[PDB]
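What follows is each chain in one-letter form.
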Amino acid sequence: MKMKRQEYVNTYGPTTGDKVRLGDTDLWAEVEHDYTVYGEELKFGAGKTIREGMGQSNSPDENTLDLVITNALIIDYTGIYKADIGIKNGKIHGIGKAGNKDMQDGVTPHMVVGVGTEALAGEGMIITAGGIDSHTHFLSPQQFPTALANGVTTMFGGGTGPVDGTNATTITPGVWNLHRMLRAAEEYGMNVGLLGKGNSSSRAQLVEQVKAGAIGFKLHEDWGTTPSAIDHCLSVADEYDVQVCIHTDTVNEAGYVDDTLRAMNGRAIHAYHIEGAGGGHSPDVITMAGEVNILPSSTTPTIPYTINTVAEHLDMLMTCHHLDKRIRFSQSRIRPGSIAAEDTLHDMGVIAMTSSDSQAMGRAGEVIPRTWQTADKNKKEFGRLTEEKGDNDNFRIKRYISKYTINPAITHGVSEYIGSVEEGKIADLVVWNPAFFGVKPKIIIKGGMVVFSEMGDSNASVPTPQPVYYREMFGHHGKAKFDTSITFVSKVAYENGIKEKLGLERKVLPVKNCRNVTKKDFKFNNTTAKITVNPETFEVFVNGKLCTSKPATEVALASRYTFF
Amino acid sequence: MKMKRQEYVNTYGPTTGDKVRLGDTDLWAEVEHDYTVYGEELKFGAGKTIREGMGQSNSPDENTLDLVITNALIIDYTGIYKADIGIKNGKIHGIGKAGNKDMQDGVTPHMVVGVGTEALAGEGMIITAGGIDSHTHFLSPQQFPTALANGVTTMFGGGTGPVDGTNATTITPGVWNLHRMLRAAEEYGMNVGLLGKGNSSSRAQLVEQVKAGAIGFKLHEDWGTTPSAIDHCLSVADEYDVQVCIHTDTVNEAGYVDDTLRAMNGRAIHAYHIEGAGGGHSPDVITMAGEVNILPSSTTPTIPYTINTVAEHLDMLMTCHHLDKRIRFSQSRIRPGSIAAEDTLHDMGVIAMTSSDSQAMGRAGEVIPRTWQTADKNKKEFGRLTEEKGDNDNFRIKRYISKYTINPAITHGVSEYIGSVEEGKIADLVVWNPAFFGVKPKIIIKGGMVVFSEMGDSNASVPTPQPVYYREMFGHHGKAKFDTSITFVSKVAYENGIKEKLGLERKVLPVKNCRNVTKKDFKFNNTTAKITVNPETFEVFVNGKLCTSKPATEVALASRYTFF
Amino acid sequence: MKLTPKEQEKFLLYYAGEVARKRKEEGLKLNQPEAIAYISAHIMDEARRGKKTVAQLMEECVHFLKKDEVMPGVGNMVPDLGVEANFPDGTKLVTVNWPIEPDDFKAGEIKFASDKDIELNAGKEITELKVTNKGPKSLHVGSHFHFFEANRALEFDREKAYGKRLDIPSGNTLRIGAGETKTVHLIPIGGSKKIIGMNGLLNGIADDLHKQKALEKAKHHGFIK
Amino acid sequence: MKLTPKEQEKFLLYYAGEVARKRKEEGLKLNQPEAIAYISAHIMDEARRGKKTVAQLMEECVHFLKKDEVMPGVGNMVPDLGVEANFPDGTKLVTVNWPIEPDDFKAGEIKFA
Ligand SMILES: [Fe+3]
Ligand SMILES: [Fe+3]
Ligand SMILES: [Fe+3]
Ligand SMILES: [Fe+3]
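Chains as they are written, first to last, in the authors' numbering: chain I, 1 to 328, 333 to 568; chain C, 1 to 328, 333 to 568; chain A, 1 to 225; chain D, 1 to 113.
Rather than coming from a laboratory, the hints here were simulated on the basis of the structure.
No false leads were mixed into what you were given.
Subject to a maximum C-alpha distance of 27 angstroms in a straight line, what follows is the list of computed DSS-like cross-link-like pairs (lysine-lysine):
1) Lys325(I) to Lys52(A)
2) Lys52(D) to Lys67(A)
3) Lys124(A) to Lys211(A)
Derived DEER-like restraints, expressed as beta-carbon distance ranges:
4) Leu13(D) to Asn10(C): 36 to 46 angstroms
5) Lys325(I) to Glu180(A): 23 to 33 angstroms
6) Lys182(A) to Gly387(I): 48 to 58 angstroms
7) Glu499(I) to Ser192(A): 30 to 40 angstroms
8) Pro60(C) to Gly387(I): 50 to 60 angstroms
9) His33(C) to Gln212(A): 42 to 52 angstroms
10) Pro60(C) to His322(I): 24 to 34 angstroms
11) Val207(C) to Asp80(A): 57 to 67 angstroms
12) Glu186(C) to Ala113(A): 41 to 51 angstroms
For each residue, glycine too, the CB sits at the ideal point set by N, CA and C.
With the rest of the complex left out, here is chain I:
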């Protein structure tokens, strides 16, 4: 039977060829393929499809799903398509067509909707992987709800709380502090991974930290990012398969950018705040982004480049670093050049990741909005990518989503567990209403359970009455949080029973394959170039051509959605 196109879309969401506007941006996601059989679509409700002996099977099956996300529009590096998502044992069991092979055609064999299946209507919603924020300062436990409310499910970084060392660096230093923090982590719904102090010219002190559970090291200048410490840190990371993150020598005390790059010696390193305002060799830190071994990321305050970016920084630097009021400027000439370039470099796929720098020159609940604000800004400036095939922004979308999902996962050695909407991975997913895509999520699923969501009046006759605000769900509570949350550790710690030894009840998993990740390993952001900075004009150049962008006067996913 023939169904009117408008009626189909209202009932089941968009199909092949339909274009969805992401929020209030000018980015259009086109449905590349639909895995359904028209007439066999699953709908939940009274007299609907998912019912005993109809859409829901009465035949027992080894693949009876625990949850079915019906008619989802997946947005992932793997593709922008329409499919039913099946969760089982807190993992993505299957992606395709769910239902009952007894009564329906074209059912994906391992996607059985049965007696034990829960239903979640994804018709007309966008489903994405949970974001990974690889630059977290563990300064305040209040960052976690803010992060979840913005689609972030995993946070890598360091800290002890609101102590000077943490206020400046992503470091949980030494055995005792690492043990304390890993035990503190039990409280939360957020997946965590801690970095120890990398700034050492002695092996013993670095090794102690990996064995204490660290997922890597952070080399920060406040602790001395000298070539000796760069070499010693990377040597230990190479031995123990852990990641290294870097905040370079801003003042050029022990050498220039090339001296730091030489110390690294082509070894894998996550270069934090690649632009330089967050810190690093003045004025040429950005030049590192061109190198194959350098895994670069951006922090939130500089992306997207706005008419207030420079003004905000010329004071935000003084509160964070605690500088004299006698100091006025240098940053007024250096900063515009690199902040403008940064946006372009993201669009070119030169900068592979987005991070926060939470409460230490950056915003906790801004990674996802700011990534899409930049994508939108660039689409508005540079136009539709030439890489696109059709009247859509799919390639650009895939490039940008990879920045906070898959690419941080690859960098930190957790790509096998999380990072993307793929069969076999842990079910850390975010459900979005297209009108609120990238700004306000609907449901946060972690380990196959809803952990956080937008919820109305607790007394109310339905879940919709006002005030609708973000609240913790069952998956975030009791002993169920131990089932839905992961504390990542090094292989050495994992293999030596850190879980048992520290009495951690959370899922403990090792980080692996950190050392041989280069730019080539990323998804949609594998671009290498010859990046240069004029030491007089501070202008950034990609392959001899000036790399710049215009500052935005207004941004998408902002003014329409927020009260304050």
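On the provided structure of chain I, position chains C, A and D with the ligands as indicated by the hints.
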């Protein structure tokens, strides 16, 4: 090189001979000594001291600190001096000069700043021990954040919750209720110790309670504080090395004050609200404070004596005790004499401790402010103490700080673990900004970790943006709270495995040396005298001289700091 | 509405600002939290109107409250104020230096023992040395960095800087601009002079015995030309 | 600001008082929680002005709301009210006996046998 005095003080805080105004009071703390070597001071930051192979050692050491509090101004009974504080294994490892002996002169040998060391800038801050509130009514779990927000880290007392018995008395009665409360305690960041019902003329019922984990007993008139009860209770406390706290027979039913004192028989006892508005033999309970065996404390509502103290009480007594509106007065003639004397007795070192009486005729988050308000009031009325040496209030400061830190610790048998800023003790410390000293703390450290602090916007690019309010930190969460918090018990309970038997995950420590603490054992408040009350005028006399004070029309650490 | 935990915080801040405004209208001198909330609410209002820049607001809010509009000591208690607000271009941090005009009263006031200067690194032998930053970019060198191991862009008699550091306040840095020439004051490193790390030119005690080896490593690595 | 959990509570109480004031101005008869918040906010205001004593306020607030200004039974339901507020001399408890004038309606009334 010659550094301008103002520039030195801005960079490192005050040095030897400098005077610091405590909050908005007229109390001046003079730096008695500085443990630094001028030019070798530790500073954390980019290009600063604490860096790899410089201020931070590259040489492994058995004494590598877990945390360094650089350039702190310690205010403690032990002295008012300038030093670096070193934390290791959640204990005060050392006090002196921290750093790297490889590159620096005059480093304290067991104060090594290394790879595993976290930094906390104490330059220009006052560091004090965490306060001990020995008069807690466990009424509401909401008292705990209020207490921490006011620099209190340990709470002794009793209760079951919002029930009449607790509402009135600090008593967790019997085995079952004690077990239940000790298990409820697991939730919190606060150190706890519970008192059972001392009002018994039978041994068995008292013994059961000590064996159930009680740190002592509370004899309260609501359960009848008769001479028989007083003797039986102290006899058991003497056998089991536990403390006894007392609210005496207000209505002199079984005898007068001298009859109660006789029943005690020179045995150690903690006399709550010694002034008598909070309860006790009318009108002479204050006369007990002169006795050597009596360890006296004050409750917050009567200290300092203000123009609204009497008016507030002649009604606050009617809501707490639930009295008929037919009852008008006696308290109007008795009360001014004793409330006025109370302030002077504190200044004289006659009353050794200050407590709260929390939600049961006293305020939870007022112990610390009210102690300093009284110190300030007296200084303003009676002038600088004759005991002072130099243009400072150091002796008065030491006398007052001891009231809520060391003296409660000595009384309750926990002076070996907590109560003062001393090497070997548990790292329960409070960081204060001098402009907010005694009214609003900055950071609360418990067991070497930050548990509570003033924190700004969770989304914010730095930790300073508004609204800045008190929040729980990592040390207060997960399994880290079990590492940073102590549940004190009796030796009998401790030695009989109460921890294992009740499945308590918190640090369980026994109270010891309660029975042989007299007035002589206190710090700066060892004063004994012949205290008499005129039964006609209600005037208080110390060795025949009228003991009084004028009521305050305004107090320090109040109006300037609070919204409501 | 989908109110984020940060939006819930801002409501309290804004309400506190509204209460403070009411009290000022009553003619009351505002206290520390009232003054902060009053200025914060103004910033939040102007940001919503989206007609002023962050730069404009930072300037506009200096002495937004005058000394007689607040209680004594309030201005000195609040030397700077920070408030994040959503502008048409997104959330931006508004940093105000001296939002409240100060007076003669200072809570937490420090009174010096003497106005006399503090002699840092007393008794250490000063070595005067001419240094030139021959590099294209400016650089800084910290108080405790082994001067001998400084960026190879710096041109000086390295032999004379062996086992020494800058005679400057602990934690301070000395700037040498691109092309700039300066006379530095060096003092011998404290403690044992066990120099481990930085550029790895020494990695041991800075004695006479290690000196030739260190000078050879410095030359080989390009520090000594 | 350094807002203590007790200061956060007082903002809610004060806002509830402000909403109650608005409703009274609209000519609505206040209910049990509205009446309590209306009187509480008055006490909090007078304390900040720091011109009245606790003794003065305890007296001033008796029948602060009249029987016709509130719904029936409201006065009987609130026989006493307590509100802690910061005065120039510190935080003090303001205890009001019969803050709302009673009417002959009594919710939860006990009628003797
Ligand atoms: Fe950084
Ligand atoms: Fe950072
Ligand atoms: Fe009592
Ligand atoms: Fe009591």
